[PDB]
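*Asks:* For reference, the chains in residue letters:
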Amino acid sequence: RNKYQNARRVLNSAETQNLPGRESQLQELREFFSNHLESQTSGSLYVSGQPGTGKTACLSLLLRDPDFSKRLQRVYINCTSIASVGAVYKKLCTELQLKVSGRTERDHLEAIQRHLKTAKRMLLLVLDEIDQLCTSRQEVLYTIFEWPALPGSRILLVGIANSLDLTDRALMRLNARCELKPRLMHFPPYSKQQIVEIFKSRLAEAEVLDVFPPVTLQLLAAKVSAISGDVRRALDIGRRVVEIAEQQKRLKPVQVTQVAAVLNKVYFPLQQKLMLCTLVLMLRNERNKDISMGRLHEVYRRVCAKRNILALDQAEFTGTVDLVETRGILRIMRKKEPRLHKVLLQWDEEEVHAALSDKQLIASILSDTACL
Amino acid sequence: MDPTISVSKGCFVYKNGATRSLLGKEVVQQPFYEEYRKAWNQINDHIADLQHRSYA
Amino acid sequence: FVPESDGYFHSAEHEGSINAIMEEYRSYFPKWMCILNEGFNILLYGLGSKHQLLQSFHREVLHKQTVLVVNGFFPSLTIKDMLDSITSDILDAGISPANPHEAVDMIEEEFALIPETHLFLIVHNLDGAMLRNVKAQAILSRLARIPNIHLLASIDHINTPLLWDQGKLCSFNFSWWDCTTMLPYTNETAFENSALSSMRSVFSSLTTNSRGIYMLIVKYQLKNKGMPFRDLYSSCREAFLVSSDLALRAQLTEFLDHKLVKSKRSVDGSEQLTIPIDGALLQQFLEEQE
Amino acid sequence: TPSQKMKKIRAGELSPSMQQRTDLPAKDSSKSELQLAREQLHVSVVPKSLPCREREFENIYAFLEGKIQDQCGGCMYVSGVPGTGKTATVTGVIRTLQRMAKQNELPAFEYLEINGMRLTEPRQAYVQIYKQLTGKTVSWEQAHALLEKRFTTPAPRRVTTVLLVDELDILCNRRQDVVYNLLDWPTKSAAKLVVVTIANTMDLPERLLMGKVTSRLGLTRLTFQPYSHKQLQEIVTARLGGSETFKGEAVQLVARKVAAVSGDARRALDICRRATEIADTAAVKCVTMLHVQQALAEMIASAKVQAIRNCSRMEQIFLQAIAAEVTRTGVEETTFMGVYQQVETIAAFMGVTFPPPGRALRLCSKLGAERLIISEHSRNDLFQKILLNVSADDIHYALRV
DNA sequence: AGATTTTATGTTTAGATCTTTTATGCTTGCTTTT
DNA sequence: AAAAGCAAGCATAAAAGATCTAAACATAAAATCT
Ligand SMILES: Nc1ncnc2c1ncn2[C@@H]1O[C@H](COP(=O)(O)OP(=O)(O)OP(=O)(O)O)[C@@H](O)[C@H]1O
Ligand SMILES: Nc1ncnc2c1ncn2[C@@H]1O[C@H](COP(=O)(O)OP(=O)(O)OP(=O)(O)O)[C@@H](O)[C@H]1O
Ligand SMILES: [Mg+2]
Ligand SMILES: [Mg+2]
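Sequence lines, in order, name chains G, C, B and A.
When the letters of the first sequence are read in order and numbered with PDB author numbering, they come out as residues 249 to 498, 526 to 542, 556 to 660.
When the letters of the second sequence are read in order and numbered with PDB author numbering, they come out as residues 1 to 20, 38 to 73.
When the letters of the third sequence are read in order and numbered with PDB author numbering, they come out as residues 276 to 286, 323 to 505, 515 to 545, 552 to 616.
Using PDB author numbering, the first residue of the fourth sequence is number 519, and each one after it goes up by one.
In case anyone wonders, no lab produced these hints; they're calculated from the structure.
Accuracy of the hints is not assured; some may be wrong.
[Unchecked claim] 25 Å max Cα-Cα, derived SDA-like pairs, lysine to any residue:
no. : chain 1 : residue 1 : chain 2 : residue 2
1   : A       : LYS748    : G       : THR614
2   : G       : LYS623    : A       : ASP687
3   : B       : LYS479    : B       : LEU354
4   : C       : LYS9      : G       : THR352
5   : G       : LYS577    : G       : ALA452
6   : B       : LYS585    : G       : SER411
7   : G       : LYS365    : C       : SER8
8   : G       : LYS429    : B       : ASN330
9   : G       : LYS624    : A       : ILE892
10  : C       : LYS42     : B       : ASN348
11  : G       : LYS429    : G       : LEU274
12  : G       : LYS540    : B       : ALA573
13  : G       : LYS624    : A       : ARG774
14  : G       : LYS624    : A       : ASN898
15  : G       : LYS318    : G       : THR352
16  : G       : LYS429    : B       : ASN498
17  : A       : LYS706    : G       : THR304
18  : B       : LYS391    : G       : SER332
19  : C       : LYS9      : B       : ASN348
20  : G       : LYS630    : A       : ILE688
21  : G       : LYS630    : G       : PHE556
22  : A       : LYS884    : G       : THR606
23  : C       : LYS9      : G       : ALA331
24  : G       : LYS647    : A       : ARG774
25  : G       : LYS623    : A       : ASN691
26  : G       : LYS339    : A       : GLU659
Generate coordinates for the entire structure from the input sequences, incorporating the hints supplied.
*Replies:* Encoded structure:
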């Protein structure tokens with residue numbers, strides 16, 4: 249309906265046609281595909297980078313080009329979708345409609361090699377999320393990357409991954425032969441101005457540019473590009489600003532107060561309070577931070593006795609510490625017996641004191657050295 | 001490099017009709050192969066006979 | 276070679328010469344065919360690589376016989392892979408049984424059923440990276456015992472016959488042959504079995529807050545000539567480089583993945599964060615970041 | 519033949535019926551007022567409108583109504599400690615949206631739901647989501663392929679589909695393929711999926727999900743805080759209606775002693791039912807405060823001092839000597855040999871003889887089966903290690919006072 | 001309208017993995033007899 | 001003074017111990033041959 253719901257729809261975070269931030273990367277990928285088409289030679293490639301930087305958007309944009317539709321046979325395989333690491337050849341056969349004698353992965357591999365030896369068109373095999381193909385012996389990944397070096401094969405394959413060094417660390421054996429190792433392409437995380445240009449593209453495709461003044465866009469991109477640089481979190485906070493402003497106001528451009536509030540937002557039971565205070569006391573008073581559940585409960589019972597309030601039994605105390613564990617304040621390393629489980633504090637005490645919000649009690653527990 | 005040198009496989013079948038006397042006829046019909054096979058069969062059978070008669 | 280124990284108790324023209332050596336070893340081949348016909352197996356024990364020599368024997372002489380080449384210098388081959396290769400491709404008998412000696416019993420039965428179907432077996436580096444256990448050598452000796460199967464093999468390691476006892480060395484009916492080519496070990500050492517620049521290349525890909533966290537560890541390391555985790559946590563919360571503890575643990579997990587930082591736990595439970603690079607190069611790196 | 523039954527089950531053509539009672543259920547008018555409170559206080563009776571969860575209702579309702587009307591799809595992650603009204607609020611929002619779509623005030627939408635603890639395997643969710651669509655039971659590979667054919671391919675008129683996913687941490691595993699598929703399907707434009715994920719831990723996407731899975735899960739999130747002293751009283755007094763069968767101080771004591779422990783609402787609705795059952799056997803018709811005190815002492819039980827007082831005299835000598843060896847050697851883990859020597863000392867003091875060590879191992883095995891102590895298998899006698907599971911002061915409190 | 005491989009599927013057990021923890025061993029740094 | 005000898009210290013690694021997973025094995029649905 250209105251501009252708020254229009255901007256909330258258009259921020260989308262789905263597939264797109266225009267990619268303002270990735271232009272030199274698209275030109276480099278087009279030059280790679282074009283020179284390996286004109287030379288009619290095979291060529292492996294490994295694109296990588298942090299999640300949300302837009303690798304799959306670039307390759308989905310380049311698998312819809314009409315001229316590459318004329319010149320080469322596109323195949324896109326998402327490697328999470330296969331049932332197993334060795335099953336991917338079978339999926340590749342279904343992407344090529346190859347006839348197979350069937351029901352073993354070896355004959356599917358021989359059918360793929362027999363297709364590659366006498367293919368009429370160049371093959372572009374994009375294997376999205378190739379980190380799922382890594383195992384231990386890694387027969388499948390080496391068998392896939394050995395295909396460009398096969399005699400007469402015309403495959404040129406692209407492997408998308410989040411790891412900067414998956415190619416070297418996971419495929420050291422391809423370094424020995426320079427014809428085999430993939431050309432590497434990083435996708436750097438988005439800068440501040442690139443996120444501003446992505447926002448100014450998405451809000452001008454629907455002409456809802458006016459709901460975001462430039463100052464608050466340059467606050468939002470300055471936070472997101474400094475934290476992580478993925479455009480998914482940027483579009484998520486940009487959608488969340490409008491869907492909070494719609495809930496709050498019911526054209527008003529969003530002010531810096533709303534984006535600052537959602538950015539500072541994004542970026556107790558009494559027995560749980562007594563447990564956290566006794567854990568802070570035992571961690572402060574003692575050099576040995578190997579605290580067991582029983583060693584903590586024996587101090588917690590004395591603290592509850594000196595406070596003249598009833599203490600929980602060990603069977604309920606274990607569930608209390610497990611409920612405190614869900615907040616992230618603690619981490620319990622499990623052992624053979626419930627008494628032997630090791631509590632480990634994961635907040636500093638300056639955060640625990642501000643989280644408990646009962647300073648008159650923590651001043652009493654932390655001054656109670658004699659109950660340890 | 002060589003097709004036998006692969007990054008993935010470790011064993012390389014070169015099957016030629018195996019289902020489920039290496040020398041040609043020039044060597045087997047040579048007299049020296051005949052006398053060698055005769056002397057070897059005689060010596061091996063005599064040694065096997067001695068081993069059986071000692072174990073009996 | 277008669278070594279003295281006191282060393283333990285006190286502890323161009325070359326191409327033509329190598330081609331003449333290779334032509335002599337190529338001239339040896341019919342004698343190897345007769346020796347393999349008599350039941351002996353061939354073993355080569357020269358200095359240099361013998362890959363091209365056994366490939367020439369497979370190419371020029373065994374051009375029509377059934378042949379299973381086995382690359383023993385492969386880091387990742389298994390004896391199950393070789394027994395599965397014989398059982399599935401030579402005999403069409405399907406997958407071999409999971410016990411390898413049961414697979415050798417099956418191969419002995421199926422090869423007893425077919426006389427004059429000889430299987431040549433070429434093993435470059437019988438002392439291979441995954442064949443150095445006693446069990447794989449027992450499987451190879453039980454396979455070489457078969458009258459149908461003939462075996463050629465290469466040897467490179469000096470300590471190879473320590474795993475051949477007299478039973479294996481009797482099953483391996485070896486005819487030793489000094490095939491000393493002088494070729495370099497290219498293919499045998501090409502595999503996986505045998515830095516400030518990389519730190520800059522991974523530092524370029526990091527975001528601004530990760531650059532600030534690593535610069536904090538670099539400043540503490542150059543200031544102290552491994553930092554406890556609590557000082558890095560308080561410095562990041564003061565510099566607003568992190569939202570909470572768990573994001574800092576995720577950043578240090580990424581640094582452990584990219585090997586910029588080694589984590590050494592203390593007896594007190596605190597986590598120490600060493601940077602595994604000498605301090606002169608670290609001071610040059612800090613000067614590079616300014 | 520059984521195969522026709524299994525084929526009619528896997529095709530969904532026979533509904534799984536359960537056997538009905540021979541006798542009719544009793545009429546509502548024969549019930550006592552205390553029985554009426556006992557059945558209104560059952561945890562299974564969800565109220566039509568939940569007290570003290572209005573803000574979270576507006577949050578989930580605004581998110582789901584915007585995702586349905588915009589026809590875009592997306593994802594949400596709600597989280598909180600158990601019993602805090604998560605799944606009841608999400609199903610209440612979805613029932614309100616279905617009541618609104620029935621009257622054509624909203625676009626219509628499908629409502630799939632799964633739960634991660636009803637699945638034996640993480641991949642079996644593919645079997646179940648398809649079972650909420652077609653109703654056929656198929657293998658997980660064919661179900662995953664048919665779900666990808668449904669979601670990746672634009673097929674107008676596609677309707678919006680809301681996939682509630684309870685118990686998200688069980689679906690994880692090491693590969694995290696299932697949760698990656700469930701969070702990756704909304705990102706495609708062809709699928710109008712709006713997946714909501716319920717879980718307990720606040721920090722789950724950062725603690726155990728992968729970085730791309732956390733990036734797909736997004737930054738829209740909601741946390742259900744534990745019920746306080748007052749909200750637990752409002753819940754129980756809403757469940758009781760206008761009835762005065764509960765004293766107000768009794769509900770106040772139930773809420774005050776339940777909110778101090780966990781903030782679970784099921785604990786309050788169970789303690790009030792036990793208080794009603796306690797008041798029923800006293801032949802009173804009002805749940806006075808001492809019935810609540812008895813039900814609280816029963817359901818927050820601490821019966822280990824009773825176990826040490828109920829032990830046989832040689833087991834009490836054993837429980838004294840284990841704590842004596844812990845005080846003597848300092849370390850908390852004692853071998854059976856020094857425990858037996860302290861046993862002989864204490865038995866020489868008290869004047870009774872002690873059983874020989876082959877019977878003392880039977881005493882140690884009984885205390886280790888009762889979990890008063892932790893102890894090893896008895897095959898390594900005299901060198902087995904004996905942790906004390908009960909606290910050392912509880913033994914003196916049992917055997918003195 | 002009934003028997004036979006054929007194939008797709010589920011279970012189980014052996015092996016890969018994560019993690020803690022413990023130890024001999026590889027090297028160091030003095031240390032001390034000939 | 002030279003080179004063999006005892007505490008010290010981090011480190012690969014070795015047990016282990018739970019734990020999760022991949023492939024081998026038993027088994028059921030089903031086209032296929034009669
Ligand atoms: N340069 C860009 N301009 C506009 N939108 C973009 C750009 N890059 C990415 N996006 C948006 O971000 C969304 C996610 O990008 P994409 O899925 O390609 O990242 P990714 O690297 O594949 O993530 P992951 O590594 O987790 O798979 C896309 O749907 C797209 O709409
Ligand atoms: N605010 C409330 N008002 C009334 N009843 C409530 C409220 N919160 C919880 N309950 C009761 O307690 C029960 C809680 O069930 P619910 O499914 O909400 O728990 P949950 O938070 O999903 O638990 P888990 O996280 O363990 O799945 C409901 O059946 C409901 O009857
Ligand atoms: Mg992607
Ligand atoms: Mg629930």
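*Asks:* Each of the hints needs a verdict: does it hold here or not?
*Replies:* Status of the hints after comparison with the structure:
1. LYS748/A x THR614/G: Cα-Cα ~23 Å, so holds.
2. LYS623/G x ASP687/A: holds (21 Å)
3. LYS479/B x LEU354/B: Holds. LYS479/B to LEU354/B sits at ~14 Å (cutoff 25 Å).
4. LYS9/C x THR352/G: Cα-Cα ~17 Å, so holds.
5. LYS577/G x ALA452/G: Violated: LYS577/G and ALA452/G sit about 56 Å apart, past 25 Å.
6. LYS585/B x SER411/G: holds (13 Å)
7. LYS365/G x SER8/C: holds (18 Å)
8. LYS429/G x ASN330/B: Not OK: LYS429/G and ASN330/B at ~32 Å, beyond 25 Å, violated.
9. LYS624/G x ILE892/A: Measuring from Cα to Cα gives roughly 10 Å; hence the hint holds.
10. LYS42/C x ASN348/B: holds (13 Å)
11. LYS429/G x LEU274/G: holds (21 Å)
12. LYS540/G x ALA573/B: Given pair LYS540/G, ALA573/B holds - Cα atoms ~15 Å apart, limit 25 Å.
13. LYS624/G x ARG774/A: violated (35 Å)
14. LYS624/G x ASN898/A: holds (19 Å)
15. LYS318/G x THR352/G: violated (33 Å)
16. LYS429/G x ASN498/B: holds (17 Å)
17. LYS706/A x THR304/G: The hint holds at about 12 Å.
18. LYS391/B x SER332/G: Since the Cα atoms of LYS391/B and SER332/G sit roughly 21 Å apart, the hinted pair holds (cutoff 25 Å).
19. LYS9/C x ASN348/B: violated (29 Å)
20. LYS630/G x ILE688/A: Within the cut-off at roughly 23 Å; holds.
21. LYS630/G x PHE556/G: Judged against 25 Å, a Cα distance of about 22 Å means the pair holds.
22. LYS884/A x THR606/G: holds (24 Å)
23. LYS9/C x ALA331/G: Holds, because 23 Å separates the two Cα atoms, which is no more than 25 Å.
24. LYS647/G x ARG774/A: holds (21 Å)
25. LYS623/G x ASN691/A: Holds. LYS623/G to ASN691/A sits at ~21 Å (cutoff 25 Å).
26. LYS339/G x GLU659/A: Holds, at roughly 12 Å.
In this structure, the earlier hints numbered 5, 8, 13, 15, 19 are contradicted, and the remaining ones agree with it.
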